[PDB]
Amino acid sequence: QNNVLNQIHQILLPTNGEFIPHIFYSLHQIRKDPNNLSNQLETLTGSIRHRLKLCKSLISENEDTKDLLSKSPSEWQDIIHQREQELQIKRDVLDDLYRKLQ
Amino acid sequence: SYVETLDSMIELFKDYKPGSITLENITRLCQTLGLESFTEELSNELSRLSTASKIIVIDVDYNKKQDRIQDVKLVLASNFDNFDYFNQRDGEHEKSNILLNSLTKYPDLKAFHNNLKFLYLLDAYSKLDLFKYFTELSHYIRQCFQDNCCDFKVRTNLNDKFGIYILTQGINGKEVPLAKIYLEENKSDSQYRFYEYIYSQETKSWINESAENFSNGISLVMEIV
Amino acid sequence: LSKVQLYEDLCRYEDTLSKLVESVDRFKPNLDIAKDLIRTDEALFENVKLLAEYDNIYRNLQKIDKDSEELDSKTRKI
Amino acid sequence: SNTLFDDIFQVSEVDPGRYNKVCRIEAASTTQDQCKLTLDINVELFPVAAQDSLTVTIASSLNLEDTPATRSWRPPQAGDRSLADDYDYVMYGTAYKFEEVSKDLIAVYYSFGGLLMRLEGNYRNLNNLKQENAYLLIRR
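Residue numbers (the entry's author numbering), protein chains in the order written: chain j, 4 to 18, 62 to 148; chain p, 6 to 131, 161 to 259; chain h, 37 to 114; chain H, 2 to 69, 75 to 146.
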């Protein structure tokens with residue numbers, strides 16, 4: 004199990063409010079009071095925004111995810127299908143020798 | 006001005022995706038449009054959420070273990086408590102309510118938000163009892179289409195949403211949703227006193243019946259599916 | 037960063053949310069920016085689903101990587 | 002270009018001070034009981050008495066078209087259209103302080119070449135003012 008993808012996956016979707067329930071809860075608490083300095087939505091949504099910077103830091107620091115997320119799924123399937131063929135040709139260049147010793 | 010603009014923004018923000026399956030999203034989604042709600046805890050593991058202002062008393066049996074509701078219990082305090090809230094379509098006679106399907110199948114609350122808005126529209130403009167009017171409008175339009183001697187099958191509560199769906203039998207033999215009719219509020223003007231429409235069986239005409247029962251700023255309009 | 041499309045996905049997600057909260061804090065909301073935010077959010081969710089597919093096929097890639105290198109090791113020692 | 006802030010102020014009192022050409026006026030808005038104004042006026046060019054109704058407008062630029075000073079000032083030509091044409095007294099200056107007087111009132115300080123002006127108000131009509139250069143347009 005690859006690590007950095009896992010703490011990404013439970014750092015943007017913890018096991062709840064994903065990104066938008068927090069922001070509409072914030073603009074819902076604005077509805078009680080629109081006339082105060084401490085009613086900036088940026089203050090409490092910065093926690094979600096700090097989570098966004100955490101996501102940026104975790105995807106930038108790791109380089110295997112940098113190639114993991116850069117290729118299309120059909121590309122991944124065709125490159126694993128052309129990576130099984132050299133292990134297959136190694137299997138047959140050992141089994142023909144196995145035949146030749148018999 | 007300022008209040009209507011922020012109301013439009015909160016309306017769109019709920020209209021995209023109003024949170025995931027949890028109790029506090031349901032609580033704030035029910036509170037934000039003017040319905041005060043009270044939460045009754047059955048135990049530490051199971052809870053009930055109830056909304057009631059004057060007539061409509063909706064209750065959901067949400068569980069904290071399965072992340073899934075159990076049953077939906079809604080009781081009307083009006084003069085007509087036989088409101089149709091189940092799905093009615095051809096193929097089977099299973100009678101399951103829309104709110105349970107919206108809360109269980111879809112992981113997002115958009116269908117539930119639309120259903121809650123429709124039930125608020127039914128409740129707030131109820161002495162035109164919109165429950166019995168919406169129930170009997172399907173039968174009235176079905177009898178009207180029977181007089182037209184053409185194949186337009188009328189079914190109610192399709193696509194996990196309230197509404198009177200009008201469908202026709204196509205080539206494939208399966209009923210295709212082309213357009214559904216329902217009661218929609220007109221924000222451009224609210225002074226048209228909506229009548230309880232009765233379709234005559236003999237002279238094949240619509241004759242107004244409303245004389246004292248009244249609804250405020252509502253109309254029966256068509257939208258293309 | 038320029039090759040992974042999810043990177044620019046959360047980049048203009050951050051852009052749309054930042055100018056949206058700036059617009060509503062300046063008491064002048066807009067609709068087109070909200071529609072753009074919806075368009076970015078949906079694509080973010082299919083990006084999450086395809087990240088799950090990427091996750092499973094990366095487990096597959098690591099499996100074939102380790103079996104290929106151990107058979108190469110056996111081949112050269114033989 | 003467009004109006005950053007427009008309001009009608011009622012001049013409570015005019016203080017000459019120890020000056021012959023410049024008077025400091027105290028004004029409050031007529032619509033709001035909360036947006037008040039302190040301002041220095043060259044009264045030889047624009048005489049202001051007490052209980053005068055002044056339409057005070059703050060704009061980022063004087064041209065009628067929207068914004069696309076760092077440009078050298080030039081004398082106005084004949085046929086030149088500007089926002090100054092609709093007002094009797096136009097002053098240009100720098101914002102130099104943004105003070106939060108209370109939990110809801112913010113204060114903006116402008117300096118029109120040493121002629122200071124202190125603008126109060128809530129933050130839902132003074133939010134267009136920022137730390138930049140603004141034209142102060144006054145008509146009677």
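Where hints are given, some of them may not hold.
Claimed, not checked - Calculated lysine-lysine pairs in the DSSO-like style (CA-CA distance at most 27 Å, straight line):
1. h:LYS110 x h:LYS99
2. p:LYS69 x p:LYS110
3. h:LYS64 x H:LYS109
4. j:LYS102 x h:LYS85
5. p:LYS22 x h:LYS55
Stated by the list, open to error - Some residues of chain j that are not near chain H, with every Cβ distance over 12 Å (derived):
6. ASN62
7. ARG77
8. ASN82
9. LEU83
10. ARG97
11. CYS101
12. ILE105
13. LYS112
14. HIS127
15. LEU143
Hint data in this document are derived by calculation from the structure and do not stem from the laboratory.
No residue lacks a Cβ here, since even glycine has one placed at the ideal position from N, Cα and C.
Evaluation of the provided hints:
1. As the CA atoms of h:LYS110 and h:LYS99 are separated by approximately 17 Å, the hinted pair is consistent with the 27 Å bound.
2. Our distance criterion of 27 Å between C-alpha atoms is met by p:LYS69 and p:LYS110, whose separation comes to about 17 Å.
3. For the suggested pair h:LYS64 and H:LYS109, the alpha carbons sit about 22 Å apart, so the restraint of at most 27 Å is met.
4. A hinted pair counts as satisfied when its Cα atoms are at most 27 Å apart, and j:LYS102 with h:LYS85 qualifies at roughly 19 Å.
5. Distance restraint check for p:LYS22 and h:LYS55: the Cα-Cα separation of roughly 20 Å lies within the 27 Å cut-off, and the hinted pair is therefore satisfied.
6. With 12 Å as the threshold on Cβ separation, the claim that j:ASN62 sits away from chain H holds: the shortest Cβ distance comes to roughly 32 Å.
7. Against the 12 Å criterion, j:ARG77 stays outside the reach of chain H, whose nearest CB is about 15 Å from its own CB.
8. Once the 12 Å rule is applied to beta carbons, j:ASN82 is inconsistent with being away from chain H; the minimum gap is 5 Å.
9. A beta-carbon of chain H is positioned within 12 Å of the beta-carbon of j:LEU83; the least distance is around 5 Å.
10. Against chain H, the non-interface label of j:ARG97 holds: every CB pair exceeds 12 Å, the least being about 28 Å.
11. The Cβ of j:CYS101 sits about 31 Å from the closest Cβ of chain H, beyond the 12 Å cut-off, so the non-interface label holds.
12. Every CB of chain H is more than 12 Å from the CB of j:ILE105 (nearest about 35 Å), matching its label as outside the interface.
13. A cut-off of 12 Å between C-beta atoms confirms that j:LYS112 is not in contact with chain H; the least separation is 39 Å.
14. Every CB of chain H lies more than 12 Å from the CB of j:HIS127, the least distance being 56 Å, so the non-interface label holds.
15. With a closest Cβ-Cβ approach of about 78 Å to chain H, j:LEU143 is found to remain outside the 12 Å limit, as its non-interface label requires.
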